[PDB]
Amino acid sequence: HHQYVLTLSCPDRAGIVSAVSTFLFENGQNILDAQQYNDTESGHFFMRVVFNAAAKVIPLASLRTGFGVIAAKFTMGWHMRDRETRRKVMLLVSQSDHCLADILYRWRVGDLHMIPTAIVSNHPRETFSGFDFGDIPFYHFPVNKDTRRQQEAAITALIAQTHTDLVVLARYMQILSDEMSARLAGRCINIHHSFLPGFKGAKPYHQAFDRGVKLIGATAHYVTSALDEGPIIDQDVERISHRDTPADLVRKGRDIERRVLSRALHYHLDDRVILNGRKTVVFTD
Amino acid sequence: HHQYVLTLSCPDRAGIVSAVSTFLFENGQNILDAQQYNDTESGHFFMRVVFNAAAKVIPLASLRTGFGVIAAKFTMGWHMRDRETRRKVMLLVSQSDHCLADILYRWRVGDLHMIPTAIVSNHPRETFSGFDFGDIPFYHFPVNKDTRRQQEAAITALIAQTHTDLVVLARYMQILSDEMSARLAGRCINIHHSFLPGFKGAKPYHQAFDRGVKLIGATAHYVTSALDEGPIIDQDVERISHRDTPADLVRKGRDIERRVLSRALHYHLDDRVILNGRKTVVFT
Amino acid sequence: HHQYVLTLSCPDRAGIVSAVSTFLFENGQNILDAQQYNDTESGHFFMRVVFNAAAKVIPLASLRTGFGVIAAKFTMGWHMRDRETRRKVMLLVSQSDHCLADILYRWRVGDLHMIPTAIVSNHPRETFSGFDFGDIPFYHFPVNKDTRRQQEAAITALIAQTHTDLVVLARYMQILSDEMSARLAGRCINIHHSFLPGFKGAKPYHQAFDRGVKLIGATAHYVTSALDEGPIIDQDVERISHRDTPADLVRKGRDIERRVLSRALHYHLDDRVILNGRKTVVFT
Amino acid sequence: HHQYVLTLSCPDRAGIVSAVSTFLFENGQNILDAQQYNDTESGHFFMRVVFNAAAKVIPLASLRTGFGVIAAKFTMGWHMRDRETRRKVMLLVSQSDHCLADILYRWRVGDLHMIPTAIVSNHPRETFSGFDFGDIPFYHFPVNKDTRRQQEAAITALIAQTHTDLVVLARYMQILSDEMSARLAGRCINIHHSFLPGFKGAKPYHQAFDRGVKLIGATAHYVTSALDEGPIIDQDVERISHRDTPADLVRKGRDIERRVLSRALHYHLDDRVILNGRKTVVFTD
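Residue numbers (full-length UniProt numbering), protein chains in the order written: chain W, 3 to 287; chain Y, 3 to 286; chain X, 3 to 286; chain Z, 3 to 287.
These are calculated hints, taken from the structure and not from any lab test. Heads up, a few of these hints could be off.
Said to hold, decoys possible - As a list, the in silico PhoX-like pairs of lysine-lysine whose alpha-carbon atoms are at most 25 Å apart:
id: 1; chain 1: Z; residue 1: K205; chain 2: Z; residue 2: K254
id: 2; chain 1: X; residue 1: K202; chain 2: W; residue 2: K205
id: 3; chain 1: X; residue 1: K147; chain 2: X; residue 2: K75
id: 4; chain 1: Z; residue 1: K205; chain 2: Y; residue 2: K205
id: 5; chain 1: W; residue 1: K58; chain 2: W; residue 2: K90
id: 6; chain 1: Z; residue 1: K75; chain 2: X; residue 2: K58
id: 7; chain 1: W; residue 1: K147; chain 2: W; residue 2: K75
id: 8; chain 1: W; residue 1: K202; chain 2: X; residue 2: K58
id: 9; chain 1: Z; residue 1: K202; chain 2: X; residue 2: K75
Said to hold, decoys possible - Some chain Z residues flagged as far from chain Y (calculated, every beta-carbon gap over 10 Å):
id: 10; residue: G132
id: 11; residue: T164
id: 12; residue: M182
id: 13; residue: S196
Cβ atoms here follow ideal geometry from the backbone N, Cα and C, with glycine treated the same way.
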């Protein structure tokens, strides 16, 4: 028995839950799990509903057509899919291999429900070591200050060829152009370190070490034109002590970075993240 | 503008969310926050809905009356209240004061939204020290093996006199009879310690110490006739190390009990807990 | 049978542990637990040793005199005390009692081993609900731009009068002068909340809310001449979600502040904190 | 400059710290990190000391010979090694690779410092996906009610041949004999999951699910003659909710088991665990 998930956001208005649940009811479906949230400050409503067939077995394509009538009337941004259909995910990497290694591990053991389409890098394959990607293809697309348009065009073509749904910047260090970021709105997740308090300028890990901080954090977010400043999906920290050398800070920074990105990716892949302007609504569990 | 909370459980059936949301929509209310869960193993559906007036300001009494029609059709166990209405809570204590002290602290700082009605004990007031209950009254209801009926009647009368909504056993050590446990179904919360692995018999703290455990837990649950075994609301642990003496284990045991009970109490008071036979649905 | 604690820091050199442990052994003491750490970046060594009498019961005063010889040789900053001697702690507070209430609660239930000497505020007594104040003396020492030297003189005099060992700024909002800070080096603890990333200027909670952060943190630290920037003792966070309004962020900020300050205070009171220049060594 | 670590336990007596630290000092060594704990209930003293060369660069063999004089006098059980010498670890596994995959992942990414000598199973190689096995020797040593002595003889012979210092039961489901357990005392780590409270008999997951637990736990321990009851190294829990099915409890049980086993293994490999009768002393941070 197939389960489906619907997520949506729209301007707050009376009777949204009534409209959505009545549609599922009249179309012979049954609600398994659902959550709703009204952001009264932004005037937007948010819903996640997981459902399956009860009196009528209606295929996804028909339900979408049907639900599109409601979505249009309520000005909804929405998505309905079969919980079994894995999203096609592309992984971009530069030098650091920790987020890449963790995502692949989590995918391999059944914790991330996805189909990796490709591993893409601005550096050659042989700069990475200790990896067997099996049937996941690795692509080297070189780039410099004068060839960004050509390189982005190449990545964009591959995203299309592979029908990629999500791009993960797993410590990919080349900045995406405003246009490429715009094309990947809500479909590109980045990870970066975060400190309490923040350090700016050269050598942030050595400044943190000299400051004697007791925590190191990481922030996973959707990519926009503002460098490392798009909608935050998830944040977490791990402990730092007097015992930790600068080398230990780097290792712990890598650990919280991979933890936060993999958890963020899990929320995205489980249809738990909905954009709310500059922010996100995340239906956790 | 007042906010209201509706909680409900019923046998699973198509169109429950349609019926409940259409009722609120047709009555000029707006949903602020809501959660639904379908327990497909037990065949029961669960909902929590927080709402307020939109096109129509309808009083609670009228909304309750209207919602009663829907509840009858779907055979719902339900509750609808104004979020600002604090529940009337009674605290029972015997000797240990840690849970009592924590709950009163959490109440005084705004973390537990309640009106304490009474502090009740099988022991005299002067066996407790370091407390100023202010305007919360303390009652001493003595009991022995032969006077359990009289003492429970005194407690029951006070519950009714004070319109108490919830009874918290804050390490109260007298076992409630099956009949009193039944009268308080879904309205009585207990706390007890829990180990990994479990220890049974005399001196469980000394067995835990000798076993060299690295955790101590606590479990908060609704009271039923099965001694310390009713529907589980919340469970948590805290760490134990080789540095911990038997006295340290007791102190850590009190710390986890107070934490888990106060948290369990918070979920109850915030209309996040729904009974599901021998279990609970907790919307966190 | 009393337990003593020794803490120390000094420039790193071979044979420090040999010198300290040989001294305790030769003076008939027995080590119960101890920790040592060599900061190879700064070249300083740190030790914490808990001990009691074995073959010889020697008074604290005599052990201090004997240990002074070793401390001079190794250029040590050190402290030796009886663990049963409660430090005398002064609590400073402004308009919000959240940190003060938590400290008083933890003291009253036995979690913080101390003697509260006084509660000092720049606001009058009627500003506070007074829960858990009991018989602790309250002093309203008002201050403004023009009375700062006189107000600090009154605090400096109260500290000497009461023999205060530690001053806690329980979210006290008036800035201590540079000489006050200097006088209280290693003996004044402040607390402040922040976000990932931090915010500066008008309406900082509205900024965090607008940014859509998922964490709020707090930092406990020793006070120095730099505003809110001395040696960090403890840091922690708690979750923020899309459900939290700006008022909820204020509440959660208060909650993380009180948690971190109470824990930082516990470490200080348990002789677990040693200064390391701009940093700390915390033997948890 | 190499770092060395010494761990020890002995009957409590005055001047243990004086004796050990005076030895290291007089032998030209410098203490980097050290911890001491007196179990006044058992009357035993515990120490961990990490050190390196100061005035005299003394080889390990010479320090051991020297320290052995002190260890004899104080009735010490002790160990001194170079922190850079990786322990040789044998991984035992049955039908589920959850603990094995996690250990192999953590080893490959640099989180666990060890040399895997071999993967031994009572099931064939085709049972496993083989992710991260790489060039680690695999051996199918089958066993039944009547071949236990011969199978353990094969394992015992492999341990000797490979110079194995530690055996990890990565959710290996065959019970090791009392003699086999005795031979591997302090050198064999097992993992098992449980609940608050525990359950016995048919369908243990269904009993937990029926009880409505909100936590699932795991315990890592050294193996003894008592089935699943040796010295506890580490324990931890994760959350269980009303949303979790019995199949979800199985998944979460595997997750808590691998997390606890990998952490316990890390403590063992970092020379942080000392046996204290039926308990352990674990120097964390």
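Right, here's what the structure says about each hint:
1. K205/Z with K254/Z: Holds - the C-alpha atoms of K254/Z and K205/Z are around 16 Å apart, at most 25 Å.
2. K202/X with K205/W: Distance of about 22 Å is within 25 Å: holds.
3. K147/X with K75/X: 47 Å, violated
4. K205/Z with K205/Y: Violated, at about 30 Å.
5. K58/W with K90/W: Violated, at roughly 29 Å.
6. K75/Z with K58/X: 23 Å, holds
7. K147/W with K75/W: Roughly 46 Å between the alpha carbons, so the hint for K147/W and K75/W is violated.
8. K202/W with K58/X: 56 Å, violated
9. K202/Z with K75/X: 63 Å, violated
10. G132: 33 Å, holds
11. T164: About 31 Å separates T164/Z from the closest Cβ of chain Y, which puts it past 10 Å; holds.
12. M182: Answer for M182/Z: holds, closest chain Y Cβ roughly 23 Å.
13. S196: Check fails; 6 Å does not lie beyond 10 Å.
The structure fails hints 3, 4, 5, 7, 8, 9, 13 (numbered hints given earlier, in ascending order).
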